Amino acid sequence: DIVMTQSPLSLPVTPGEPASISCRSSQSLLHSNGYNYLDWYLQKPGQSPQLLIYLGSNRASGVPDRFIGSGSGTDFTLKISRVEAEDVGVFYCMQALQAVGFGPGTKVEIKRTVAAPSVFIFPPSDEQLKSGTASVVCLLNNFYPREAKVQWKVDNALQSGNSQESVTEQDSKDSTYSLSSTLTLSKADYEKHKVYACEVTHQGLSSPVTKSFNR
Amino acid sequence: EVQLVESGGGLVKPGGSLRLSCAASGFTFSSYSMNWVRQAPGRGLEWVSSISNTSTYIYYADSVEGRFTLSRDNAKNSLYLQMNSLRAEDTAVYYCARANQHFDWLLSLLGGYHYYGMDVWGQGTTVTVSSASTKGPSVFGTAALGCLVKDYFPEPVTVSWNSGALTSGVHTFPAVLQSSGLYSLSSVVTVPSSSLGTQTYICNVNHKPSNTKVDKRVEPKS
Ligand SMILES: *[C@@H]1O[C@H](CO)[C@@H](O)[C@H](O)[C@H]1NC(C)=O
Ligand SMILES: [Zn+2]
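Keeping their order, the protein sequence lines are chains A and B. Numbering-wise (the working numbering), the first sequence opens with residue 1 and increments by one. Numbering-wise (the working numbering), the second sequence opens with residue 1 and increments by one.
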């Protein structure tokens, strides 16, 4: 069987400025019939993918010249000259040789000037607590880049592995992210402590900050 | 419109069954191979089956062989992927796709490079494979708020704010799977202090596979 490989896994790039992706295969790709069996696809965010290249270097109908697409054999490339903000998504090379098999992906996103998050804790609320649970959310707004390190704390005491975190996709206009971090507790150990606080470390911070509440 | 529509989908328990149709209008079906393709939530694109216009050379992914059954009605412009016996990893979204051909010979005994070209795609249909079922309660310069939405199965929920009057500043998060196999998520909204008391907000939640939809007045401290 064949193993499709691409690099990088994420490529934050800047509109105007070009970008390249690599895709490679565990076997060479050409024949049946001369030339290569590799397409490339975008999946713009919240959408079905669409044809981008075909037989390795052919530009499917209604595709900007911004997209050259090259290589042969095992090594391949999707070089986009002058990205525009709408080219965001995942690029998937694909292999047409033995049946069909899809690149692992390369996620394209906009480069942006750092930017710190605002923070916000939320208390359980006596309705959840009536039903016997304690979720304590902690927001992070409109930060870049993605990488953030949110850290929960009960009575000065860290926690480990009781926290799950979601992240919205890049923001379409300001290019930020956001992030929930939820720490769940038994209402019994909720009611038993007073100091709830999350402690964010983003790169756009000269030292961490923490939101805090009591009850 | 040249368009392709998936159908079927829906949740059913493991070792379940489903027949995804996929209808086509706006071109000559018979001129193209067709292809199922899945995306597990979170994961990347994984080809499934292929088939030609002469309704021959059915390929399948190892992950899928012996359980899915690619059919075709060039005279009824449709595509049928019969799914049995469904397991958890089978949970995904399913696109049917246009694809060029380019054939044989030095493939197996006669094979087809089923779709190098792949230019048209339905919207997808979603197939959820797990147990059990049913809804999940909501409960909740700048200052924020939103609602939690929790203990629900299956996906999706549609979180809204005052039915749409808040498009601004709403960060509504991807759903994450709690261990228990029920999801939860939070829908937040960034707002200037000010609004509290005069501006009052309500999160229009709608989970269908449940027959539940609510919304709840957020109002800090009293
Ligand atoms: C099957 O496909 C090829 C081109 O894709 C075409 O030449 C052949 O006639 C097709 N069979 C049909 C349209 O029934
Ligand atoms: Zn925001």
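Be a bit skeptical, because a hint or two may be false.
In silico DSSO-like cross-links for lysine-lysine, where the CA-CA straight-line distance does not exceed 27 Å [what the hints assert, rightly or not]:
1) A:194 to B:221
2) A:211 to A:194
3) B:208 to A:153
4) B:135 to A:187
5) A:187 to B:13
6) B:76 to B:135
7) B:216 to B:135
8) A:194 to A:153
If you're looking for bench data, these hints aren't it; they were derived computationally from the structure.
Quick rundown of the hints versus the structure:
no.	hint	result
1	A:194 to B:221	holds, 17 Å
2	A:211 to A:194	holds, 14 Å
3	B:208 to A:153	violated, 36 Å
4	B:135 to A:187	holds, 22 Å
5	A:187 to B:13	violated, 32 Å
6	B:76 to B:135	violated, 37 Å
7	B:216 to B:135	holds, 16 Å
8	A:194 to A:153	holds, 11 Å
In the structure shown, a violation is registered for the earlier hints numbered 3, 5 and 6, in ascending order.
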